[PDB]
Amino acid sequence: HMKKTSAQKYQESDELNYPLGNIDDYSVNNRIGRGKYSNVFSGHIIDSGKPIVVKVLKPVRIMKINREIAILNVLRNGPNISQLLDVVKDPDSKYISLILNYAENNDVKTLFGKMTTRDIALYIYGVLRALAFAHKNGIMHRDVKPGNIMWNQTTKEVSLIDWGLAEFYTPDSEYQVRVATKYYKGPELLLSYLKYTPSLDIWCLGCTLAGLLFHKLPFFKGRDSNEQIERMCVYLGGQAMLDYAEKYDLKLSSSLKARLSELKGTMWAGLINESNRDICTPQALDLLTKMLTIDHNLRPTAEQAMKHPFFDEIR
């Protein structure tokens, strides 16, 4: 029906896979986020006073909304994962709201030098516990980054949120590579390997760990994808990337291959100074090197990473 305006199309109703609640049970206060198809607010449950987050969605892409509801319900009993408390539909505008638990966030960028080795281990371990539960349940998050990790510095509580890009994982299936966020994309995405796996979440978490250790968020740079690959290899070496592309039959431009053979790999040299030397422990750097392994199949699993000596104290 193409003569209709978009607003006339929302008034005239697809089905949501959820028993919809009452929009009057929830109040809305301050906008706290703006997204592609969503506006995010802080709010309260009226009767209990309990803080909530309200994610307000234009009623389009109903399939994808239903995917995210299904994922959030599969994950409802998981640790350190945002909890879907209700889904409601505005009777007038027909917009859909997801009611999520509230998790306080102190932006880690502004805590450089204030977060200790223990803070960083709690933060990372907390996200790994979420990823291990999601991965064991066949779900990959696909957008792990500081902006999707709620951290409470006083209480050390941590939450992995924003499951709108999450997907159910089936081995040997092709997935779209326009996922994750710039500078968090793994080599599998920059080289368009379609059959990637939940190990992508480990790379993205590794990029997060590198920013916290070295006081630089985002850690990796690069204007385009060939330069992003190149900037990765300044640290990790050209040869690992060349070997990776060969092994999985990924294409690199002839100009990029020659560039990569010039890069032996600095690893973390030059990045430790007096301000971050106290958190860049050998075990933290060893964990980092494992998580930022180029070959997605040789990265630790979430459970393997949780077994790392870097977490021996807080276990």
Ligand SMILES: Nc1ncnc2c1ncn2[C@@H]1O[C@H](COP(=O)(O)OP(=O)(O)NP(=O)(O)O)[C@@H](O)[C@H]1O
Given for the second form:
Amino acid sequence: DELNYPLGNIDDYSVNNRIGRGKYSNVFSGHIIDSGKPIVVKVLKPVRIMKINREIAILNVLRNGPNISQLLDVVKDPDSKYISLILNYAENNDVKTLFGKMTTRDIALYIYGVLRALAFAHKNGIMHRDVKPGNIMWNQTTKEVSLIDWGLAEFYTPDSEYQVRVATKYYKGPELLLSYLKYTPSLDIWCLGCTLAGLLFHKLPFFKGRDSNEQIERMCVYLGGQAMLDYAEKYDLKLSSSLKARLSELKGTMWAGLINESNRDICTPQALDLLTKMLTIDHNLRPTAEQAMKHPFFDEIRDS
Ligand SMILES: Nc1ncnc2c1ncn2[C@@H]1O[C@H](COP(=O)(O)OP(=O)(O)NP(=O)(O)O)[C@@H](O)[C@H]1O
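Previous: the form solved without the named molecule; requested now: the form deposited with the named molecule bound:
Below, the chain from earlier opens the complete complex, with every other chain and molecule after it.
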């Protein structure tokens, strides 16, 4: 029916260039006319007003949260009826181009910055459900970090059942691949862990596999077949006989043979220990965001 927001005036904003094309939006850089302040304009097809209202609700809850995209205004085009979200502008230096240029220091700021966003969101009852490099705006010069694209985000109620067709391929946690419906905001910690692996090992996306059976197999190449079998037993999840047989052949290599001369310097012992904790198969045994932020890997950047 209507939007749950006091709508602004489309005339207050200018559009500069396209910077994004999502499944629900076209995204532009722009400005606020009276201020000159740079902003991002996210233009949505006026389709699924409930979903827009949910995204608006979520972003309003997260206002003034650290390193979270900030909703400055919502406007409706009076002639086309399209809706635009007006967001803060964050520079997006693509981490895939910065392999061997991002230091240990940059990676700790990057991961810690996103953890701050997740702690605030989780504390306010929201899980993002699509953490990945593509939704993390990283400024290699300023070190600014922003977690964006809350369209898949959901409000979290314990022992509630949720749709497992979330996240992006190769960031889906075992709880989504195995269809555990009562998954938790710890999904966001697995996804950030997969991001950390990609940065440490110079490979984004880090995990692979053509289908979900092969994706489970490839996780266990590192993490061990037994942990996956034990997980599937503990939560009553279904694995085909063939996959169980394959999983029992995998001792789990962890992070061995992933450290060569080009990434040796960023693969510190503290980083691996955080990665191992974050990529824990049992979604109920991963660190919370708050716990991960207390890891010694963040000791040297904690000051600021
Ligand atoms: N605040 C922002 N600052 C800079 N770029 C942004 C911002 N929000 C979105 N983008 C860019 O636009 C792209 C698509 O935006 P996104 O928010 O993912 O669109 P969507 O259609 O709502 N969701 P999805 O279909 O999952 O992409 C992003 O991946 C970025 O490249």
